[PDB]
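Turn these sequences into a full structure, and let the hints steer you where they fit.
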Amino acid sequence: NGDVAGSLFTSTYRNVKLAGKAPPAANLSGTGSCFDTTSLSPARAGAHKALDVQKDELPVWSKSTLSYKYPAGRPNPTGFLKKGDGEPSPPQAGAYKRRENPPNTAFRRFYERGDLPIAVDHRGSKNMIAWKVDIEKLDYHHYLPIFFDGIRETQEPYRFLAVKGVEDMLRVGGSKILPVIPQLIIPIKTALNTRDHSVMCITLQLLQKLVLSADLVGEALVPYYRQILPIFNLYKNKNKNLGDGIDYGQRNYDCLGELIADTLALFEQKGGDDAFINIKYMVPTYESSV
Amino acid sequence: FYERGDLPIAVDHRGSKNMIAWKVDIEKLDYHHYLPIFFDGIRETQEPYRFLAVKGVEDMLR
Amino acid sequence: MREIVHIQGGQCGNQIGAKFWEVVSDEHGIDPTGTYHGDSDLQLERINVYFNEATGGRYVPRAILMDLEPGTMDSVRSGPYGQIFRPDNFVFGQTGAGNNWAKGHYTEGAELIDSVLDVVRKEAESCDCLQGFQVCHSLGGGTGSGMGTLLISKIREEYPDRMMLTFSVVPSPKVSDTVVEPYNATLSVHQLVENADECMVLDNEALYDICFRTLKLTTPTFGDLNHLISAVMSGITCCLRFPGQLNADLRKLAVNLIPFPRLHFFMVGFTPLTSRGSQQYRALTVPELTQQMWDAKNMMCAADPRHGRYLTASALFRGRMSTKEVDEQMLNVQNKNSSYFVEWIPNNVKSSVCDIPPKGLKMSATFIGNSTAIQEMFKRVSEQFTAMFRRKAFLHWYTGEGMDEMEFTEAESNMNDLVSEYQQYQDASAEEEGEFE
Amino acid sequence: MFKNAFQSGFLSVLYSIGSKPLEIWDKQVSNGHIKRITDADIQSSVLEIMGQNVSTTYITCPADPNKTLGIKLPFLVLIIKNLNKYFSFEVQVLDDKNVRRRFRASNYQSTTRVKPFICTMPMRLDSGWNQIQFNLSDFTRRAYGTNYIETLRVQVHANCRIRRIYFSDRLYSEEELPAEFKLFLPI
Amino acid sequence: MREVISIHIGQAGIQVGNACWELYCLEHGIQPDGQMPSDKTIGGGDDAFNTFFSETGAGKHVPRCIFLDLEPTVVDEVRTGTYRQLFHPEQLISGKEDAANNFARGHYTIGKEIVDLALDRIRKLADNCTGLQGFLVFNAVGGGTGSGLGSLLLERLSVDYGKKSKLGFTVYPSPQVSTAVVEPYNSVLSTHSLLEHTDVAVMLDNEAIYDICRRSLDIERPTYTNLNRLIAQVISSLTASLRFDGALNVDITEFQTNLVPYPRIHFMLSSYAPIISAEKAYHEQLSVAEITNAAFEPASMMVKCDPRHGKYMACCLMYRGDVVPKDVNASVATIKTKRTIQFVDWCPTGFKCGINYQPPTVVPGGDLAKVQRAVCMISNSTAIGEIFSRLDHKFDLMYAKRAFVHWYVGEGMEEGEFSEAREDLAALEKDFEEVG
Ligand SMILES: CC(=O)O[C@H]1C(=O)[C@@]2(C)[C@H]([C@H](OC(=O)c3ccccc3)[C@]3(O)C[C@H](OC(=O)[C@H](O)[C@@H](NC(=O)c4ccccc4)c4ccccc4)C(C)=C1C3(C)C)[C@]1(OC(C)=O)CO[C@@H]1C[C@@H]2O
Ligand SMILES: Nc1nc2c(ncn2[C@@H]2O[C@H](COP(=O)(O)OP(=O)(O)OP(=O)(O)O)[C@@H](O)[C@H]2O)c(=O)[nH]1
Ligand SMILES: Nc1nc2c(ncn2[C@@H]2O[C@H](COP(=O)(O)OP(=O)(O)O)[C@@H](O)[C@H]2O)c(=O)[nH]1
Ligand SMILES: [Mg+2]
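Chains as they are written, first to last, in the deposited numbering: chain d, 2 to 88, 102 to 304; chain l, 124 to 185; chain t, 1 to 437; chain c, 1 to 187; chain o, 1 to 436.
These are calculated hints, taken from the structure and not from any lab test. Idealized CB from N, CA, C, for every residue including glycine. Just so you know, not all the hints are guaranteed correct.
Computed spacing ranges between beta-carbons, pair by pair [claimed, not checked]: (1) o/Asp39 with t/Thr285: 46 to 54 Å; (2) d/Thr66 with o/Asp120: 54 to 62 Å; (3) c/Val114 with t/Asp295: 56 to 64 Å; (4) d/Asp288 with t/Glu410: 14 to 22 Å; (5) d/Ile291 with t/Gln279: 50 to 58 Å; (6) d/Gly33 with t/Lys297: 37 to 45 Å; (7) d/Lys111 with t/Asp295: 57 to 65 Å; (8) t/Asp31 with o/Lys370: 26 to 34 Å; (9) d/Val304 with l/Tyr154: 48 to 56 Å; (10) d/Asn2 with t/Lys122: 58 to 66 Å; (11) d/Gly33 with t/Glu407: 36 to 44 Å; (12) t/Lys359 with d/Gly286: 53 to 61 Å.
Within a straight-line C-alpha distance of at most 20 Å, the following computed EDC-like cross-link-like pairs (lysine to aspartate or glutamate) qualify [stated by the list, open to error]: (13) c/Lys115 with o/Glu429; (14) d/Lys111 with t/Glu194; (15) c/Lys67 with o/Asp431; (16) c/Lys115 with c/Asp95; (17) c/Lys85 with d/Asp276; (18) d/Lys203 with d/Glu114; (19) d/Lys250 with t/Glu433; (20) c/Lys85 with o/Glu417.
Not everything, but these chain c residues come out facing chain o in the computed CB check (under 7 Å) [to be verified]: (21) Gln52; (22) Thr56; (23) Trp129.
Structural data, given as structure tokens:
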């Protein structure tokens, strides 16, 4: 389908400059200049956060009214009576709350140490990749997971480099890609677990490119649906109801509600004769597209 | 039916008087569909409906 | 018809099955000799759901005790109601498990599975119409966790159409009796998710807290803990055993409760519960029962329903009572506390009534609730698991049984997928526009 | 409405290309979405409606009830893409006798069952883009043995991509159709 | 000569089976032994029991009913209750496994293996009849057995007889009170199936009967045993013209023609009057005029529909006891002058009245009182479509996320059968609106 390398910069500029929209607030702790290597934080991304609700704010259950009511107010000496007197929802869970995405990936660390054969190619008519060596002779087992682990990034030029890396390696991969699948599930799941729209819309297009990059990749991926579909089930019904308003935004890929539908159709297309039930098990709303 | 414009009739002012003008050939029409419709307009009194209806049956019976 | 076979795995399960079978034998009025000494034919009409008739007019449980370290098997044989078990239905290993899921599931499991499977088949033939299997575990130790999951995997492929219960005791959030407790819990929840049909979860802390506050006990023992467990395990099958104007088969009790195939971790409590003092004066009415069961205390596990929303709930009453009262009490609770119930379910409680009250009571009621607050237990368990596995402590043991670490990672990922399921369904409204904005 | 108008060769009720295509249509969405996107096969705009629960996401042709779409053209033709999902549409008809029949066609149905006021019937959609033509006057004669007078309401449910809805007054061929009233699928 | 076949399906089907057959055996003096006491014969006429019974070669009267179920735990109770000498054990049918609140199991998985059994019984049960008026199906729309099987049976009955009349006294899911959570599904799945196969379908609800029990009978402790007594009171009043004398007899055929205007509108309401206790019964005259007022009272309905939001397409009045035809004519005429009671313009008529000289019976130890007048009303109102809209909402509410669907599709069903059934409701709703 459409590429993911070019669209990203123009989108970010259109969003931040043209509209009054926010970046919004990408944490850049530990990262200084382009020269000093960052201090990788021990935290992990897409991590479920504990419940912060207080002790007492929890309402108590009244045995007499069958209702959760808030506790009464303890007296206070300042608030004493004077002469005149004539007179609970539960704490919501962060289902759609963007998890914290620290810059402590492995791609950033490897690129900082300078072990990658990539570089930006400004001599092209746009941002392109420039390889120090030949792609089709690389060790995919060592490099391909590293490149997937940089998809979660948001700081330039790391995310551009990472997306363009996987985009170019999947084209020339061929058979060298199939045995690497068991090592790609963790970074894919970690990128999806961030709840952030930018990384999610990127990884879904990369996942499409992944199933299309070679043959027999579909059946090989099928056993791993239980670890990548759980997020699909959330944003499957995040669409825009414009009515008569034509969607100019359709020029680029931003609507998850159908970026997920296309990807699920593609999974059922390539998975074989049993991918449909493994999909229907995770996302129940799905409908067979054959 | 005349309001919806499904009838092949029209008034023929080019004659020396009020005459009928058929868009098609009478002797090949479907009488089962048209002839009762034309009889049902005899009850009319508003022009030109009653003229058209009477002239319709008068020409179809010949 | 509607026969049921019972398993007790691990030390905890083999001990609590003792109390379960004592309570059932008392219900149906039989002596630890195996001889029936009741009064009515109501103790014999549907006795065949749990027992086998023997020569000489005696009744023997349809239970299978499986446990390494046969000290517990000799304990249950010494116990008062031990003489009723077929000694053939006793599968033990001479070695121990050392609280190690790896050897409980991989090495020492594969040596006893053949025997336990021959036993289960020999006695599953004896059933006319087998309803399902029920088992009792303890997710903390090795024997229970590993061998229960191994036998569940075997049973699921040998009898897929049948249905399976698991009355599992879960790790404790504040007490750490064993140190490898989170490993043993996660490596077993990963197996439960695909091969269980109903999974009740019970916790010693909430058991203690109930017994201390409500029952006013001064020194709770595992005896009283298992007394509570057996009360609930018995109240489950009242519709199969005794008549009821509104019966509730075990299968219609799962169909009406689990909406999605993965959300089968329930949460139970028992009513009435009171001390000897207020027993003399508390009137026993459907209102009292339904106002005690809906509390956030009677939940035998340590998950506060205040943090979530009830997907479904169920209340099985027993005793000659007015069903309009039950129906309207459930309706009025749903109406009052409407925010704690999901919206895409119009009415989300089931109410079942049996005519036969307990032996010493006039009315009782058992509660089940598939609340979305259960996700906090898995969150805590995964937190502990990943605080410890991050440093790779106590892993040489689990690797010694041929295991590797991708199994740990897979189990953790599946736990997180299940807590995400729970979170999504905790706030998906009936109308999609409010979720994504 | 559409009374005392002129319908002789064609009558287009809906067209994705325009300043506002849902002029007369009422739209009701519950768990779905309506928009206008550029299709890939037919490289132009198509108005798509989708969503779960087919029976709830639809669009009615007259803006409001108690207002009829008086149209007397026999043939009715839709241009729809087949998304391999549950798609259905309904058309209400006035017979020669003052009785409002209604026929509906569903792709998730397998048997036709004539009823006093309803006639459900299956539809065997093709793959991708296709135009479907209803006689709508043979249907009334074949079902209730009566004559067609004039359509009253049209309604199209979810999981489809509409491009054209038009009454034809006769079965025109691919040649006789004008440029706008045909399927020109480019390369 | 004038015989019917009474089929009871599911739990509530055979629960009221314990109520109807308690009443009929009590109506005709039959003791639970199936014999007559033969020394204190009370039946003023002979050969009236043949409507519901089959005299054997010598002395015994066996009911021509059929108790059907997949749960043994209730059918065995009948085999132990006092009413065990009555039924031929071939009639009591049971299964080893239950449908477990699942239409698919009651329809596709389990039912298809015992229908042959039940149908063979019905053959043997109809062959002894000489004139069969029609079947009388008791169902509980909302369960796996009642909906799954009841649907599966009626098809098998229609293909066999078709020309025979079939009635359905199906209890219906209440708006507020609900003893299940998945009853929206199997209810919808049931209606789409019974519709083309039932000829008439009376409808009543649990919750509405609770209030009739509250206001009138003033009972604080209602139970299914209290309600089932009322259903027996209706059908006794309904079938009286079959097995009793009286002016203006009404057969089943005569009853269905003038009450179903269009081939699908047949869901009808119900109401009984008077319904009182002993002490009130004897400080009162119970005039025919004040009874027929309580009948058309909205509170006395047995379903949670308000008929004052719609219009009456027809009304049938089965009077029972000491009633003279002049008073019916003078009291029905009173209500036509009333303003609250609307009638669609296309029926200047609207009343099919029936009188019986046989007063209603009371069960010793019951809750009703003995009276000399009683009115049971069956009306076909166009407002009934509102209760058909609640399900159109609840079904649509959960079918979005497709909850509990993995069960139905797991037991030999497809998602098509869901939206297939969904149309027939939305198609039915406007059918209730086209008549406006
Ligand atoms: C004289 C009398 O009846 O007194 C009661 C009594 O006062 C109370 C307090 C009982 C009593 O229970 C306790 O004191 C207790 C102590 C520790 C843990 C749990 C309970 C009782 O032991 C419990 C016992 O319950 C039964 O007998 C039930 O049939 C019960 N049976 C057993 O658990 C059982 C135990 C050992 C051997 C055989 C049976 C049962 C519950 C569920 C399912 C089947 C059976 C009864 C009513 C009483 C006493 C004796 C005081 C209570 O227990 C139950 C289960 O009813 C505790 O709160 C309830 C309310 C009872 O009213
Ligand atoms: N009026 C009345 N309603 C009853 C009675 N018993 C049950 N019901 C209602 O019937 C509904 C349940 O129907 P069931 O008959 O139990 O279900 P089923 O058709 O047998 O299918 P399974 O449950 O799988 O056996 C509930 O809503 C009950 O409230 C009764 O005795 N009288
Ligand atoms: N309710 C109850 N819980 C027990 C009992 N005995 C042990 N437990 C718990 O069971 C846990 C130990 O697990 P265990 O079964 O002994 O190890 P395993 O044999 O390898 O499965 C501990 O958390 C104990 O607290 C008992 O008698 N009653
Ligand atoms: Mg039932």
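### Query
Honestly, which of those hints from before does the structure not fit?
Failing hints, ascending: 6, 7, 8, 14, 23.
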